[PDB]
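Chain by chain, the residues run as shown.
Protein chains: 2
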Amino acid sequence: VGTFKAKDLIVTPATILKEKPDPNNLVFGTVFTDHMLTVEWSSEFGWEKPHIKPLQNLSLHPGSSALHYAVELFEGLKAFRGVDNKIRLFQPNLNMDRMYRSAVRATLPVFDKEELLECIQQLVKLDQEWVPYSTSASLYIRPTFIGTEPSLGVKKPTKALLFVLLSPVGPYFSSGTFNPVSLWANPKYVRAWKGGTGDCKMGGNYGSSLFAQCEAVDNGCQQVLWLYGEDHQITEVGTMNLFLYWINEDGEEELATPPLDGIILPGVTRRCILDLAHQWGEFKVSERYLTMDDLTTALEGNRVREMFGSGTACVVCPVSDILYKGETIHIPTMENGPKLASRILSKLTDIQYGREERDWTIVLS
Amino acid sequence: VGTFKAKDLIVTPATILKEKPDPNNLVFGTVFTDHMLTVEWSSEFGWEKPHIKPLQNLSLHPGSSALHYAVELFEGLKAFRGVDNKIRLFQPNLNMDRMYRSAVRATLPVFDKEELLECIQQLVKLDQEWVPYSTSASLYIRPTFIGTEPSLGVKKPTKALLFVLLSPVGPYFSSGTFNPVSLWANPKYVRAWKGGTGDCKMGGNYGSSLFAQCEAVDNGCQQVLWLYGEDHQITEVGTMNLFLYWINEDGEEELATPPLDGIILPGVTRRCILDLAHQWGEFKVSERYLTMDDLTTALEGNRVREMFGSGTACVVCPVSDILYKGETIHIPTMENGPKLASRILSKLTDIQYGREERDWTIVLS
Ligand SMILES: COc1cc(OC)c(-n2c(=O)cc(C(F)(F)F)[nH]c2=O)cc1Cl
Ligand SMILES: COc1cc(OC)c(-n2c(=O)cc(C(F)(F)F)[nH]c2=O)cc1Cl
Ligand SMILES: *Cc1c(COP(=O)(O)O)cnc(C)c1O
Ligand SMILES: *Cc1c(COP(=O)(O)O)cnc(C)c1O
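Chains as they are written, first to last, in full-length UniProt numbering: chain A, 22 to 386; chain B, 22 to 386.
Everything labelled a hint here was simulated from the structure, so no lab data went into it. Each hint should be verified, as a subset may be incorrect.
Under the rule of at most 30 Å between Cα atoms (straight-line distance), these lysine-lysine pairs were calculated in the DSS-like manner [what the hints assert, rightly or not]:
#	chain 1	residue 1	chain 2	residue 2
1	A	176	B	176
2	B	177	A	215
3	B	28	A	180
4	A	368	A	146
5	A	134	B	28
6	B	180	A	346
7	A	39	B	215
8	A	177	B	360
9	B	28	A	74
10	B	177	A	41
11	A	176	B	107
12	B	180	A	180
13	A	28	A	215
14	A	209	A	134
15	B	28	B	74
16	B	74	A	180
17	B	41	B	368
18	B	39	A	177
19	A	209	A	180
20	B	39	A	180
21	B	134	B	146
22	B	215	A	177
23	A	26	A	146
24	B	134	A	215
25	A	209	A	107
Label pairs and their calculated CB-CB ranges [said to hold, decoys possible]:
#	chain 1	residue 1	chain 2	residue 2	range
26	B	69	A	241	30 to 36 Å
27	B	281	A	273	43 to 49 Å
28	A	22	B	299	50 to 56 Å
29	B	270	A	281	38 to 44 Å
30	B	146	A	281	53 to 59 Å
Cβ-to-Cβ under 8 Å is the rule here; a few derived chain B residues that face chain A [to be verified]:
#	residue
31	51
32	53
33	79
34	90
35	114
36	115
37	173
38	174
39	195
40	197
For each residue, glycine too, the CB sits at the ideal point set by N, CA and C.
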């Protein structure tokens, strides 16, 4: 055991710098900054000194376990250029907690979370001009941890690479205003199972998801509604946690989300939304199981107000439509404002871009 | 939608050749040959011309979907230097069928199966001296298909690499004659689920498996017994299909294996063993569900003869012991010969090394 340390950072500035993109015409994860973080690991010598250096291709042995046995995990967090032109990270300690936990579950070697965060701060600081000059755009931070074991043996890797990429991203839909998603619901496909890795951000979870995603796009849907179990539990909306704002069976007004029972990725946005709803104390907040039957029963009873997905990329993604067993189930999210969705988006946006102070934000070192 | 063609092969021989290893001191997937196959793909231009060239590191964009979203699959088949010094592939068309099917499920681009097989034949032919001069050793062939999409966008990859590695491998256990495995049975972990990709050889299935494998090694076990469902179905023995030779509940002598209901990798060895057992017609052959309760009930009734795993790496791996609910359940496989296990290994070995003729073997082009 041990860790790489930020104070040992070897910075190799780029001699040639790239023109930044137009913040208004940005496709997600397409454009990359001048520099990246890389840290080598071996079982023999442990963590090498971390490097900030020019963005380059990785030279990987073709037997690298990341390519064969998906010995890999990632994270998604953002840096935001605020209204006061100060750059802020948003709850980055929750990403470090989740990446550590993912590393343990992948059997990739542990590291000091404070040392990674500080290494990421230095990377964003070097490339701080890539944090878009726009109140509707952000720098996407992609920490990645891959096994580079050069053997086809299925085992704990004896070699690993931890690297970070920065990618400037614009608003979720390039129109800026709310574009509601249609969800493809086919229970033939299952994202995660009890005793699986669904509650970790491990690459394996996404490779298996990709067929259903393409099947969704074919039928005019943007995301997959992930169903689980005999009773068709609604779990996640694609790459996002699932929120339902409704009148519940007891007749109380309720914000409901599936509980962290192993098949749900504990999202940062999900945490923040639950924290806000609790704090406001205006309606019942329930981590509880939701079925398609629960949802359709409520729809014919006009009890559904809003449904939305939460995640680092979209923050709040309203749901208008679900395609399930060949019928098109409409969700009246956009006909109800969407009131709660708009309030959450505005609250999180205000915090991220420094319009109000919060413990959730850290100004860049 | 098209394909690369064997007749377009661009061969770049190596100017410096490596010394072959001692077949008696070979760890699995550790040592690699002089050359590899590489074929580039793009959505724009389609399949580039295939290349046989010196074994080298892959230069990959750090955003490659194989590293982030485990957009990857592999295969495992062998070349065998026979008793007549002719090199044979073993049912390689089943590997091509299974790799194609896996490519469709991963949303990686399709290819002509005959053209891949012929490209692999040419690769093995160039490196044919790496096929060990040993009747107990083989050349492991690792076709690999990875998404090289340089964007963090979760979608069908617009760029891919299909590459093949050759690795000389020794006998299954390095002490030659049968060394039985002890299995770690902990139902907390689940390899595959209904609606998953367990019946495909996609990297994601193995990344998730790795924690249970390390937990097994900790408790002196070599493989994991993968349990599924309320009733604890025995599904696979680690990276191998599960065979049970026993007296069944009706008192008939039976060779039983879990059925291809979505959570079982349809193994080539599994297919061949079922085909042989059917052909012999000496006992009942049942693709049917096996539970830990079924197994323990049969053990206390002295109805269990042999249990073994099947797969390209081991062929037949006898099981002596299962660690389950803290106790050590002994399996009398080694006290019963193992009769059937030894007969299967000898039949498959005879076919692979050309001691008897079979439709299952192809002599190298
Ligand atoms: C040292 O004991 C072993 C343990 C193994 O897994 C735990 C394997 N093994 C396979 O059986 C199959 C594959 C795969 F997936 F490539 F087919 N890869 C492997 O490492 C081989 C040996 Cl010799
Ligand atoms: C509107 O089109 C999109 C569709 C998406 O999922 C298909 C995503 N998307 C990612 O691509 C990656 C992640 C992550 F980071 F979790 F992997 N989360 C996301 O929502 C982003 C956009 Cl902009
Ligand atoms: C990343 C992710 C989320 C949302 O996590 P955030 O930290 O809010 O971005 C939800 N579901 C899955 C499957 C995810 O991978
Ligand atoms: C590869 C594999 C097998 C065996 O397949 P073969 O073609 O016989 O090598 C069995 N189970 C799993 C999970 C596998 O990945």
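Status of the hints after comparison with the structure:
Annotation: proposed proximity of residue 176 of chain A to residue 176 of chain B holds, straight-line Cα distance about 29 Å (limit 30 Å). Among the hinted pairs, residue 177 of chain B with residue 215 of chain A is consistent with the structure: their alpha-carbon atoms are about 27 Å apart, no more than 30 Å. In summary, the hint linking residue 28 of chain B to residue 180 of chain A is not supported, as the alpha carbons are separated by about 38 Å, beyond the 30 Å threshold. About 26 Å separates the Cα atoms of residue 368 of chain A and residue 146 of chain A, which keeps this hinted pair within 30 Å; it holds.
Among the hinted pairs, residue 134 of chain A with residue 28 of chain B is inconsistent with the structure: their alpha-carbon atoms are about 53 Å apart, more than 30 Å. The suggested pairing of residue 180 of chain B with residue 346 of chain A is violated, with an alpha-carbon distance near 33 Å, which exceeds 30 Å. A C-alpha spacing of about 47 Å is found between residue 39 of chain A and residue 215 of chain B, which places the hinted pair above 30 Å, so the restraint is violated. Between the alpha carbons of residue 177 of chain A and residue 360 of chain B the distance comes to roughly 34 Å, so the proposed pair goes past 30 Å and is violated.
At most 30 Å may separate the alpha-carbon atoms for a hinted pair to count; residue 28 of chain B and residue 74 of chain A exceed this at roughly 42 Å. Of the pairs offered as hints, the one joining residue 177 of chain B and residue 41 of chain A holds, with about 27 Å between alpha carbons and a cut-off of 30 Å not exceeded. For the given pair, residue 176 of chain A sits about 34 Å from residue 107 of chain B by alpha-carbon distance, which is inconsistent with the 30 Å threshold. For the hint pairing residue 180 of chain B with residue 180 of chain A, the CA-to-CA distance comes to about 26 Å; that is within 30 Å, so the pair holds.
The hinted pair formed by residue 28 of chain A and residue 215 of chain A fails the criterion: a straight-line CA distance of about 41 Å is larger than 30 Å. Between the alpha carbons of residue 209 of chain A and residue 134 of chain A the distance comes to roughly 38 Å, so the proposed pair goes past 30 Å and is violated. Taking the CA atoms of residue 28 of chain B and residue 74 of chain B, the gap is near 16 Å; set against the 30 Å cutoff, the hint holds. With a CA separation close to 25 Å, the supplied pair residue 74 of chain B and residue 180 of chain A stays within the 30 Å bound.
With a C-alpha separation of about 29 Å, the suggested pair residue 41 of chain B and residue 368 of chain B falls inside the 30 Å cut-off, and the hint holds. At most 30 Å may separate the alpha-carbon atoms for a hinted pair to count; residue 39 of chain B and residue 177 of chain A meet this at roughly 28 Å. Simply put, residue 209 of chain A and residue 180 of chain A have alpha-carbon atoms about 37 Å apart, too far for the 30 Å limit, and the pair is violated. Of the pairs offered as hints, the one joining residue 39 of chain B and residue 180 of chain A holds, with about 23 Å between alpha carbons and a cut-off of 30 Å not exceeded.
Of the pairs offered as hints, the one joining residue 134 of chain B and residue 146 of chain B holds, with about 18 Å between alpha carbons and a cut-off of 30 Å not exceeded. The hinted pair formed by residue 215 of chain B and residue 177 of chain A meets the criterion: a straight-line CA distance of about 27 Å does not exceed 30 Å. A C-alpha spacing of about 17 Å is found between residue 26 of chain A and residue 146 of chain A, which places the hinted pair at or below 30 Å, so the restraint holds. Between the alpha carbons of residue 134 of chain B and residue 215 of chain A the distance comes to roughly 36 Å, so the proposed pair goes past 30 Å and is violated.
A hinted pair counts as satisfied when its Cα atoms are at most 30 Å apart, and residue 209 of chain A with residue 107 of chain A does not qualify at roughly 47 Å. Look at residue 69 of chain B against residue 241 of chain A: about 33 Å separates their beta carbons, and that is inside 30 to 36 Å. A hinted range of 43 to 49 Å for the beta carbons of residue 281 of chain B and residue 273 of chain A is consistent with their spacing of about 47 Å. With their beta carbons about 52 Å apart, residue 22 of chain A and residue 299 of chain B fall inside the hinted range of 50 to 56 Å.
The hinted window of 38 to 44 Å between residue 270 of chain B and residue 281 of chain A holds, with their beta carbons roughly 41 Å apart. Between residue 146 of chain B and residue 281 of chain A the CB atoms are about 54 Å apart, so this pair conforms to the stated range of 53 to 59 Å. With a least beta-carbon distance of about 5 Å to chain A, the hint placing residue 51 of chain B at the interface is held under the 8 Å criterion. Hint status for residue 53 of chain B: holds, given a least beta-carbon distance of 7 Å to chain A, under 8 Å.
Because the beta carbon of residue 79 of chain B sits about 5 Å from the nearest beta carbon in chain A, less than 8 Å, this interface hint is met. A distance limit of 8 Å between C-beta atoms decides the matter here; for residue 90 of chain B the minimum to chain A is near 4 Å, and the interface restraint holds. Checking residue 114 of chain B against chain A by beta carbon gives a least distance of about 22 Å; that is not within 8 Å, so the hint is violated. Interface restraint check for residue 115 of chain B: the shortest CB-CB distance to chain A comes to about 20 Å, outside 8 Å, so the restraint is violated.
Given the 8 Å rule on beta carbons, the hint for residue 173 of chain B holds: about 3 Å separates it from the nearest Cβ of chain A. At a threshold of 8 Å, the smallest CB-CB gap from residue 174 of chain B to chain A is about 5 Å, leaving the interface hint in force. For residue 195 of chain B, the interface hint is violated, the least distance from its beta-carbon to any beta-carbon of chain A being 13 Å, above 8 Å. The interface hint given for residue 197 of chain B is broken, as the beta carbon of that residue sits about 20 Å from the closest beta carbon of chain A, more than 8 Å.
Hint violations for this structure: numbers 3, 5, 6, 7, 8, 9, 11, 13, 14, 19, 24, 25, 35, 36, 39 and 40, all remaining hints satisfied.
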